[PDB]
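Enquirer: As a plain string of letters, each chain reads:
There are 4 protein chains.
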Amino acid sequence: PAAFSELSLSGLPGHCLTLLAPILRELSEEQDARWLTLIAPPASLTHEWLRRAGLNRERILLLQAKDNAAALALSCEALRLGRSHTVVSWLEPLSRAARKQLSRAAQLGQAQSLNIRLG
Amino acid sequence: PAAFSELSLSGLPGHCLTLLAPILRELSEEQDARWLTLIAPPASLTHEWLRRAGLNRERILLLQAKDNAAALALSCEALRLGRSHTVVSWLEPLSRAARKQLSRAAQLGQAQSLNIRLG
Amino acid sequence: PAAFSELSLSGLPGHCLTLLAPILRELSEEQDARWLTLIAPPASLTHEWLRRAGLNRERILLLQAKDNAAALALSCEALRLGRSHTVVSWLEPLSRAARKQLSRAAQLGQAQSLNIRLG
Amino acid sequence: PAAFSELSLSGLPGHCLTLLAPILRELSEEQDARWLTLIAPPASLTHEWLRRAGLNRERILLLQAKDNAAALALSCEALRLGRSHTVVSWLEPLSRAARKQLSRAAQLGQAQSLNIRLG
Numbered sequence: 043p044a045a046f047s048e049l050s051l052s053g054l055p056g057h058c059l060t061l062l063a064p065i066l067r068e069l070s071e072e073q074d075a076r077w078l079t080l081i082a083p084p085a086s087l088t089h090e091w092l093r094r095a096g097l098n099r100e101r102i103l104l105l106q107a108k109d110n111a112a113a114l115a116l117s118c119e120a121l122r123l124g125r126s127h128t129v130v131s132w133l134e135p136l137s138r139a140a141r142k143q144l145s146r147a148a149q150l151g152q153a154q155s156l157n158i159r160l161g
Numbered sequence: 043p044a045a046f047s048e049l050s051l052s053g054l055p056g057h058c059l060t061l062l063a064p065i066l067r068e069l070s071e072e073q074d075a076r077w078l079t080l081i082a083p084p085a086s087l088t089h090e091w092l093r094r095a096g097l098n099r100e101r102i103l104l105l106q107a108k109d110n111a112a113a114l115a116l117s118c119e120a121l122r123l124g125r126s127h128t129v130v131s132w133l134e135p136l137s138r139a140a141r142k143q144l145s146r147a148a149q150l151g152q153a154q155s156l157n158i159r160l161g
Numbered sequence: 043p044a045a046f047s048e049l050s051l052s053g054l055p056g057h058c059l060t061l062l063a064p065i066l067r068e069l070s071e072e073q074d075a076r077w078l079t080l081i082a083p084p085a086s087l088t089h090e091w092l093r094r095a096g097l098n099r100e101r102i103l104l105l106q107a108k109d110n111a112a113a114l115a116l117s118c119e120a121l122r123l124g125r126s127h128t129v130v131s132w133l134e135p136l137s138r139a140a141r142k143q144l145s146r147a148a149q150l151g152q153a154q155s156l157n158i159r160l161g
Numbered sequence: 043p044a045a046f047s048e049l050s051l052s053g054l055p056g057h058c059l060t061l062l063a064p065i066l067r068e069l070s071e072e073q074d075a076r077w078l079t080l081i082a083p084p085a086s087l088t089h090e091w092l093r094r095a096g097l098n099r100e101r102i103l104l105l106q107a108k109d110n111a112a113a114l115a116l117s118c119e120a121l122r123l124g125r126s127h128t129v130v131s132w133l134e135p136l137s138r139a140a141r142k143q144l145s146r147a148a149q150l151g152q153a154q155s156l157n158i159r160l161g
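Protein chains in written order, with the UniProt record's numbering: chain A, 43 to 161; chain B, 43 to 161; chain C, 43 to 161; chain D, 43 to 161.
No lab work stands behind these hints: they were computed from the structure.
Fair warning: there could be bad hints in the mix.
[Unchecked claim] To spell it out: a stretch of chain B is covered by chain D in this simulated footprint if at least three of its residues, at any positions, have a beta carbon under 8 angstroms from a beta carbon of chain D; those stretches are:
no.	stretch
1	49–58
2	65–73
[As the list claims (entries may be wrong)] Not the full set, but computed from the structure, chain C residues with beta-carbon under 8 angstroms of chain D:
no.	residue
3	93
4	94
5	96
6	98
[To be verified] Reference listing, derived: stretches of chain D covered by chain B, where coverage requires no fewer than 3 residues with Cβ under 8 angstroms from a Cβ of chain B:
no.	stretch
7	44–52
8	55–61
9	64–72
Built from N, CA and C at the ideal position, the CB exists for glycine as well.
Whole structure, please, built from the sequences with the hints as guidance.
Expert: Shown next as structure tokens:
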């Protein structure tokens, strides 16, 4: 769909995080004045991992969710209110429906939905 | 101030436009999914000039104003609403007050104010 | 396997290249004095795309291959002489066999095999 | 004058550089097979900044000057030699005299003089 894209990373759990950093970093220190919010990221993304990764720290919000369903909910709110240029999800599985939901929320907020499937 | 910047171009009126194109083009084809609105741009920026400057016409708004004061008004609304990542003004003169106004409007809309003084 | 990882990107062909730049860039301007070689990259990766994406062309080998099989061959040679810290493949499909081949080639050359599935 | 134009950028030192990149990038990829020479550019323009800004490095001549007067000298030679389509200066202050000097040097070499006032 529109305003939606999915990034899949397979290989050593560690090397996957490595491959991810540059992307997260590129988005955060981006030209936009809005935020890059991460939603329900996996345990791996430690408070330390982020700064070691070189987080734009001041411009990277990290919300927590309990349900792989609550996450799809937050992700949509985040996008919709559009105070984030990018909202990163770590949702799996992800129905063709769920996607359309993110897609619409993304377009309303004039934002981008990026879903990351680690492992 | 913050979220504010001014670009001044002096020299052959033609050159100036040439030097401007790359910037508008760059602003327009940017990563934040919101609009790039131009407010009360000078006559030069013809309907043709824009496409010839080959700018992504499906991400560019071009509002018109009658008063160099009405323009400062629109520019502030545009920024406030926050559906534009950048709102380009062509205001002169521009009081230290006026700037503060644009700066605040810009921060509320999580946007950028860019004022261009041609000539 | 080991020394192997796959990155999959789905969404607008354009926006996928965008998400890829940061990763290739980090890898190009790395520490390891060795080459970061790209093998049989899609047409998208223009001579221009590379410099526009801020890569460090002074540390990249962009080899061309005709067969999605010849690519798997070059990729293994490249890795094997371990003169490249990373060898990026754009192979699809990729048998569980092919992977093991890349994995071993990668370990011999003390390198990393990264396969990218665009689209 | 003729063959002369000045671009002034005010706001966050960083943003300003951002607004400049597009312009330099164009100039560097100009059709005119001749050189684009930058003269006494500010420290900001790091060896890295240039490649990160996607300028076609292979076509740039970055000459260094010690005096804001030596710069006006180099700038005039560069222009006067006829081997650069554009010669970018970072001179301030710049007398109405100095300009005329650049203007003539520019017309002799069939080139353009662009002076950039950062900050």
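Enquirer: Indicate, hint by hint, whether the structure satisfies it.
Expert: Hints versus structure:
no., hint, in the structure
1, 49–58, "holds (count 8)"
2, 65–73, "holds (count 3)"
3, 93, "holds, 6 angstroms"
4, 94, "holds, 4 angstroms"
5, 96, "holds, 5 angstroms"
6, 98, "holds, 6 angstroms"
7, 44–52, "holds (count 8)"
8, 55–61, "holds (count 3)"
9, 64–72, "holds (count 4)"
The structure is consistent with each of the numbered hints, conforming to all of them.
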